[PDB]
Each structure stands twice: as C-alpha cells, then as structure tokens.
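The structure appears right after this line, and notes come after that.
As you look at this complex, bear in mind that one protein chain is not there, while each of the others sits in place.
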Amino acid sequence: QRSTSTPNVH
Amino acid sequence: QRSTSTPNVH
Amino acid sequence: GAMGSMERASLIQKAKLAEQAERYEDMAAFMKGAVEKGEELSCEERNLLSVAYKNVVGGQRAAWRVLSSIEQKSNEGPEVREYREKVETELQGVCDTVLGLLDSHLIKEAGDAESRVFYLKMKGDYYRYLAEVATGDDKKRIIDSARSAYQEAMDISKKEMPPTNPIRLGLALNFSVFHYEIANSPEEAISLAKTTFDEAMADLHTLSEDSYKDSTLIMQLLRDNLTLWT
Partner (left out) sequence: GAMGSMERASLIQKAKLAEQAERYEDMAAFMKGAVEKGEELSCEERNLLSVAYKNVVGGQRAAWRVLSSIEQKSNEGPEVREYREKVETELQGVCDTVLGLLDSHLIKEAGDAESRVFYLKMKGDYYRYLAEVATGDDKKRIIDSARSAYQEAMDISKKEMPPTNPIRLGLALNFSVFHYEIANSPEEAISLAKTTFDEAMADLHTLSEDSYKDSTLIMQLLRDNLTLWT
C-alpha cells in the first residue's frame, strides 16, 4: 500500500 | 430526476 | 492530423492504454487518429471510440449543467454566463468533431447492421447533446437532425436485428430519452420505451451469449425510465 499524503479539502 | 440514457461499458 | 504519423495498430493499442489510465481525452485523440486511417472499425474499436468521446462530452455536459443551474438561479456580474459559454463552446466543438468523423469516415451504405445502426445512433446522440445547449435557428436544425438520424437507425435495427440486440436496445433507450427530454413528447417516449421492453421480453430467447449482460442492463434502464415517467 502507498503512503498517504495531505488530501484535497474545501 | 433526469432520464437515463445508455451508459458507458467495457 | 497529430496522429497521422502513427500506425493504426499503435493508435488502437494506445487508446486501450489511455482507457486503462482514465485518460479519455487522449483516448479520444488516439481513436480519431485511428478512424482517420480510413479503414472500418470493428465492434471492439467502435466501443473504444464510443467510450472515449462519451467520457469527454459527459464531463462537459455535467459541467455545463452545473454552470447553467448557477446561472439560472442568479437570474432570480457577467462571469457565470461567460464561463458557461466557454464550456458550451468546448462541448459544441467536441460534438462537431464526432459528427464530422461520422460523416467523413464512418457512416456509409455498406457494412453490417451493427455498424450502420451504431453510427447512426451515435449521430443522433451527438445532435441530441448539441440540442441540450442550443437556442435559435440553430436549435430547430439540430433537433430534426437528431430525430432523423435516430429514425434511420430504428428502421434498420427493426429490420435487421433481433429485439434483444444491445445496439438496438441502446438506440431505442436513447431515442426515447430524446422524445422525453428534447422533443417534449412524453407519450412518444413512454410508447417507444414500452414497446422496446415488451418486444425484447417477448423474444427473450434471442439474447446472445456474448452480449446478454448488456441487453439485460438496457432493458432494466428502459424499465427505470418507464417507472420515472409514470
């Protein structure tokens, strides 16, 4: 599995 | 609600 | 064109890669280049062409509907109208590209019933998409061109295809949507959708091993529209 980075929001 | 047309497939 | 130097088989192969990568503008560009080689498209290749352009124009139609709703609700600065017009022009350009490929390369008197019905169905669809955003003397020309293409397709499909054939079913589904949403003919739409479903059901044994899942999907969508419309 791939690491999670900051997502899109708002 | 909107009518449904032929969808994308395959 | 930009694709003129690539071999037809490489263009098909890259359209399949673009589909896998969800790059539908690329995949439409590859398929247009393939069409421009001037050879017929197989069923599988017609599906690639269809999937690519439907994805492209579908995203533009969805965007146009959002902007149009924002626009109408602010009719209760020029920026909303300007941006809706921008997306509109782009959508029209894509429909013009598809309709040009159909007329220049794909629609003809020869070929099997599937190809002829499929391309005429396509022509009806992309005129219908133009009709969704049209207004003036453009709009009458467009709506009749859609109905005309759908009618040719219907005549051929009723003569040459079993009533469960998925192209014939999908064509009838899309013609009934034209009637309801574009032509203000709800009764024609319910009538066509009802006849189509009932006739497929009456000759259910004509389902094909290689496409019955598609057929039964469209008959369920005919039933959903009938439920919605009644």
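Which chain is which? They are A, B and C, in the order written, and residues in each are numbered from 1.
What we mean here is this: a residue touches a chain if its C-beta (ideal position, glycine included) is under 8 Å from a C-beta of that chain, and two chains touch if they have at least 3 such contacts.
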item	value
Options C:8, C:23, C:37 or C:141, residue touching the unrepresented chain	C:23
Omitted-chain contact residue, chosen from C:51, C:87, C:142 or C:207	C:87
Missing-chain contacts mapped onto chain C	10, 13-14, 17-18, 20-23, 26, 59, 62-64, 66-67, 70, 77, 79-80, 82-83, 86-87
Hidden partner chain, residues of chain A it touches	1-10
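As a working rule, only the chains that are shown with their structure count from here on.
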item	value
Rounded Å distance, chain A centre to chain C centre (Cα mean)	36
Geometric centre distance via CA averages, chain C-chain B, whole Å	10
CA centroid of chain A to CA centroid of chain B, Å	31
Touching two or more other chains - residues of chain B	none
